[PDB]
Amino acid sequence: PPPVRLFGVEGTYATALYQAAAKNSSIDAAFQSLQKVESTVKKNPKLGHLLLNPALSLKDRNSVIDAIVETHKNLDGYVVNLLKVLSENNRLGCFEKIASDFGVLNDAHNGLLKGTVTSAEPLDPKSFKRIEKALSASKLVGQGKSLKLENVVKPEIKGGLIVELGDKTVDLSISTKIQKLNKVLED
Amino acid sequence: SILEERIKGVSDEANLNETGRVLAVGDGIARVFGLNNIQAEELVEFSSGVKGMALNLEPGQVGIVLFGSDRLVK
Amino acid sequence: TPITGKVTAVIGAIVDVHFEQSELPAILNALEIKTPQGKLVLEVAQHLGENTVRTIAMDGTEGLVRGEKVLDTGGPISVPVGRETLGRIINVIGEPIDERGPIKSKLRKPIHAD
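Chains as they are written, first to last, in the deposited numbering: chain O, 7 to 193; chain C, 12 to 85; chain F, 7 to 120.
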């Protein structure tokens, strides 16, 4: 079964798409074409991203597909069948959802892992690099995998850092420590 | 380009406030897609002549309860 | 009008048709599937959207191969009424079922009426 499962509808579409292109052994091709069709959809904002509104016909939906494969003739072919499927199931409206989902699945296959270093305010680039080095070095990143570490700004977390990746976290923050500290002196 | 033109060709051209196109109807309860300036509990005039108040504003489908017969709204 | 359609579903005795042509039979119109038995008269009861009516089906509903053509009569099932309608037993559809041969009639009137 394809590594990394995607629960629920729209990601069942992604799961299918990946495994279908995995047996064709043309996943990179799929990914590239998916980025391209998503991009030219996204870059056509009014009329063709804001006319993904759910109200179009069966026949009009088919013709939206025909315009999409008119827009560029470079598509994997599995993803040309996928366009048909989403139209046919008339769930075409969620288009980008499947795209994003295929992306999540894909870059897991590629090996890339994503992390997060939430903090109160943005932290140093020196800190970013030191943490990135450490985190990549650690056994947590198995290696043969990469870490796109993203600092995000969350004011709610007061100071510190929280490392997140692999649904495994180490939370050493002042807000979290303060919570536990306060609690212990209210006993 | 040609794609954008063909997309423009299939465009609804709905006002999406003050109008909407029926999307299922029967039993008495209809559902229109549109009508995005509808007041809650407003009276909405179906274009075959039925008038119906609208009692549920769902997250995409305004649910208009028909005050007439069903045999006039298609 | 010749609004052809196909039988999308046959769930119980409430068959649903999907009229491919954009014009859709109106609610309370009647449709005929020209069955091997004879005809089955069905009556449109909901529009389920995407040009799929859902029809209450009058006569027996066994044996409808999913995809068999339907054609739209164009109005509520119209019985035959008249002074010449007395002395008959008539089916739900309105055909003579007491084998007195065809019921001569002037006006056929829609079953539904306000």
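It should be emphasised that the hints constitute simulated quantities derived from the structure, not laboratory data.
Treat the hints with care, since some could be wrong.
[Said to hold, decoys possible] The calculated DSSO-like cross-link candidates involving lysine-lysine, where the alpha carbons are at most 27 Å apart (straight line), are: (1) O:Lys164 with O:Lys151; (2) O:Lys52 with O:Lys29; (3) F:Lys40 with C:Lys85; (4) F:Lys45 with C:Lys85; (5) O:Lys132 with O:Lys103; (6) O:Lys154 with O:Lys164; (7) O:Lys42 with C:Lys19; (8) C:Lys85 with F:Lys75; (9) O:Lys42 with O:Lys154; (10) O:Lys90 with C:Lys62; (11) C:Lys62 with O:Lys52; (12) O:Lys90 with O:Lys132; (13) F:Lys12 with O:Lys90; (14) O:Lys48 with C:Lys85; (15) C:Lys62 with F:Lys12; (16) F:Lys75 with F:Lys112; (17) O:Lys65 with F:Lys75; (18) C:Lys85 with F:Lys110; (19) F:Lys12 with O:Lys65; (20) O:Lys65 with C:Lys85.
Hint check:
1. Under the criterion of a C-alpha separation no larger than 27 Å, the hint pairing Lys164 (chain O) with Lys151 (chain O) is inconsistent with the structure, at around 31 Å.
2. Proximity of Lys52 (chain O) to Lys29 (chain O) is assessed by CA-CA distance (about 36 Å); at most 27 Å being required, the pair is judged violated.
3. Between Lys40 (chain F) and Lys85 (chain C) the CA atoms are separated by roughly 25 Å; this keeps the pair inside 27 Å, and the hint holds.
4. Between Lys45 (chain F) and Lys85 (chain C), the direct Cα distance comes to roughly 25 Å. Compliance with the 27 Å bound is thereby established for this hinted pair.
5. Restraint check for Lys132 (chain O) and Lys103 (chain O): the C-alpha separation of about 35 Å exceeds 27 Å, so the hint is violated.
6. For a cut-off of 27 Å, the pair hint linking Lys154 (chain O) to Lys164 (chain O) stands: about 23 Å separates their Cα positions.
7. Of the supplied pair hints, the one linking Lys42 (chain O) and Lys19 (chain C) holds, its CA atoms being roughly 21 Å apart against a limit of 27 Å.
8. At most 27 Å may separate the alpha-carbon atoms for a hinted pair to count; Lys85 (chain C) and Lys75 (chain F) meet this at roughly 22 Å.
9. For the hint linking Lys42 (chain O) to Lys154 (chain O), the alpha-carbon distance of about 22 Å falls within 27 Å, and the restraint holds.
10. A threshold of 27 Å between alpha carbons decides the hint, and for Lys90 (chain O) with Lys62 (chain C) the separation of about 39 Å lies outside it, so the pair is violated.
11. The straight-line distance between the Cα atoms of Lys62 (chain C) and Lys52 (chain O) is roughly 33 Å, outside the 27 Å bound, and the hint therefore fails.
12. For the suggested pair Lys90 (chain O) and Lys132 (chain O), the alpha carbons sit about 48 Å apart, so the restraint of at most 27 Å is broken.
13. Proposed proximity of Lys12 (chain F) and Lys90 (chain O) is supported: the alpha carbons are some 21 Å apart, at most 27 Å.
14. At roughly 35 Å between alpha-carbon atoms, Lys48 (chain O) and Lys85 (chain C) are farther apart than 27 Å, so this suggested pair is violated.
15. Taking the CA atoms of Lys62 (chain C) and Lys12 (chain F), the gap is near 33 Å; set against the 27 Å cutoff, the hint is violated.
16. A C-alpha spacing of about 30 Å is found between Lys75 (chain F) and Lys112 (chain F), which places the hinted pair above 27 Å, so the restraint is violated.
17. With a C-alpha separation of about 20 Å, the suggested pair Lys65 (chain O) and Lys75 (chain F) falls inside the 27 Å cut-off, and the hint holds.
18. Only pairs whose Cα atoms come within 27 Å are accepted, and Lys85 (chain C) paired with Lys110 (chain F) is rejected, the gap being roughly 34 Å.
19. Restraint check: the Cα-Cα separation between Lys12 (chain F) and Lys65 (chain O) comes to about 16 Å, which is no more than 27 Å; the hinted pair holds.
20. Taking the CA atoms of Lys65 (chain O) and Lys85 (chain C), the gap is near 19 Å; set against the 27 Å cutoff, the hint holds.
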